[PDB]
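Undergrad: Okay, here's what each chain looks like letter by letter:
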Amino acid sequence: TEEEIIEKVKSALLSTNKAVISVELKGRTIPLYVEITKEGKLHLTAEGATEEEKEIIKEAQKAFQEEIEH
Amino acid sequence: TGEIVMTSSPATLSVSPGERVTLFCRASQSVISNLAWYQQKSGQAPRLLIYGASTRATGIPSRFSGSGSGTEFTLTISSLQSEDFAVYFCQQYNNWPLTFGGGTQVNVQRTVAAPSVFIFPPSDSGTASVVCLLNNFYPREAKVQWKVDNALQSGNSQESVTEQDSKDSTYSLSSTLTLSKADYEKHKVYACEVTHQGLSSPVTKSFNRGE
Amino acid sequence: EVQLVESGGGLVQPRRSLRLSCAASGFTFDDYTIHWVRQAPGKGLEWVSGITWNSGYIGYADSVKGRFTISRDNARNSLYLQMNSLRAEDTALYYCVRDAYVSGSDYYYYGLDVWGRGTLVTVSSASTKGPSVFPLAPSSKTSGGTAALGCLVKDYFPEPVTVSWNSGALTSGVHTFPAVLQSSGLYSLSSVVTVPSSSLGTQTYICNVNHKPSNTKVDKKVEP
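Read top to bottom, the protein sequences are chains I, F and E. Taking the deposited numbering, I'd label the letters of the first sequence as residues 3 to 72. Taking the deposited numbering, I'd label the letters of the second sequence as residues 1 to 124, 129 to 215. Taking the deposited numbering, I'd label the letters of the third sequence as residues 1 to 141, 143 to 225.
This is chain I alone, in the form it adopts within the complex:
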């Protein structure tokens, strides 16, 4: 699941620095705002997302950020 989010984020930031993807975390289709900076900082934003749903997105955001820098 958390790996499947990194896949969709990676496919979104290929032709644009800002995109929106749909993620099915757990029993809900969550709209997800994906953003990247020139320096390479990724922010994943979920709106109207339950704390739980927000934390899984923070875990995915940290995992992909380490892959970006490395």
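Hint data in this document are derived by calculation from the structure and do not stem from the laboratory. One thing to keep in mind: the hints can contain errors.
Unchecked claim - Only pairs whose alpha carbons sit at most 27 Å apart, straight line, appear in this in silico BS3-like list of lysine-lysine:
#1 I/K28 - I/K60
#2 F/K151 - E/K155
#3 E/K141 - F/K151
#4 E/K155 - F/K185
#5 E/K141 - F/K209
#6 I/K20 - I/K60
#7 F/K192 - F/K151
#8 E/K129 - E/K218
#9 F/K192 - E/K155
#10 E/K222 - F/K147
#11 F/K147 - E/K141
#12 E/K221 - F/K209
#13 E/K141 - E/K222
#14 F/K209 - E/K222
#15 I/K12 - E/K65
#16 E/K43 - F/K192
#17 I/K10 - E/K65
#18 I/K56 - I/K40
#19 F/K185 - E/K141
#20 I/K10 - I/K64
#21 E/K222 - E/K155
#22 F/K190 - E/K155
#23 I/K12 - I/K43
#24 F/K185 - E/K129
#25 F/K147 - F/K209
#26 F/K185 - E/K43
#27 F/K147 - E/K155
#28 F/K185 - E/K65
#29 I/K60 - I/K43
#30 F/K190 - F/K147
#31 E/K141 - F/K190
#32 I/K40 - I/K64
#33 F/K41 - E/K43
#34 I/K40 - I/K20
#35 E/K43 - F/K171
#36 E/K129 - F/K209
What the hints assert, rightly or not - Here are the in silico distance ranges between beta carbons for each label pair:
#37 F/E167 - I/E69: 49 to 57 Å
#38 E/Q3 - F/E83: 45 to 53 Å
#39 F/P17 - I/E26: 43 to 51 Å
Ideal Cβ positions, reconstructed from N, Cα and C, are used throughout, including at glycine.
Given chain I's structure and the hints, the job is docking chains F and E onto it.
TA: Okay, now just chains F and E, sitting in the frame of chain I:
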């Protein structure tokens, strides 16, 4: 799946020089402003017009403008000119796979013109085909039905339509009915039935086998 | 002169393989992602594949995954597309397209900004056959004094076929229709012309069918 489908509309559009043109693109999911517009003339590579949802490419005339955000987009030609008759494609780049719309073909507006209908019998050498011709008509939409011995044919015919003529903006259509020489000799009358809004009633051109 | 030039297209049989190439010129090839986009004859555009600048990400459309392999050689500024298990649906004009979005740049651009002229890929089991030129008789039976005549060009392969009337003499009123692909894998078109009905008894009308891939030059006289 994650694939985003682009839906173009209208499929075709007819306008006169000087008119205001609006083309629509719809996304299956949100694409924000990651939408581009392309122009393709006949036999040429697509040309990028607008890359951000509203950002005109460098060199693109100001009469072209784009709008929208999310799943609803528009391309506006404020005052269409002669060189603007082409096919226009939308393309999202929110996430791979990159996807295009079907495209909108903008054509030259013209007055209605009824077709002149001609039927050409076969002339072989194991077999030959029957040809029905609709010459210089407008608009393109036209129904051609084959009837041998008062029986509607099906699956044994192929149509071909010319591009809009550079002089009178009319179309021409040819429908070829192909049979075996054995089946062609089992019937006497071969009729081409033509329907078109420029005709006050359906036109039937037919012949008897053997000139 | 920013341009992309494709090469490698031609006639290929089903189930076989073909390798397309693309040569870049006038820009830093190692900074852009490059795409393959194909266009079936008379149909829309379809993205095929793309590679990032360092080949770090490679994407394929579901219709070509497993069969197509994209790769790049930034040392030669060249892009390649290896097509395997080719099918008739793969018949299209294949464009080499540069993506405008360069990650990490100061001022961003978007879309597909540089296209090549394309290379044509035909997937067919058909062999070269000359055209069979049949006549379309100007039957003397009205149309306001306007008569119609032509010749049918059937069972030929591959495209194209050039049709002329009276060796380039007759031009006005002529409509050479686009070729249609028959179920036999062969192409078939027809060329017609409208003429004054009074000229049927005096004027001679000649078709000038010329199929160079078959080295066939056929002239046909149209008579009622």
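Undergrad: Checked against the structure, which of the hints given earlier come out wrong?
TA: The structure conflicts with hints 10, 16, 26, 28, 36, 38, although it agrees with all the remaining ones.
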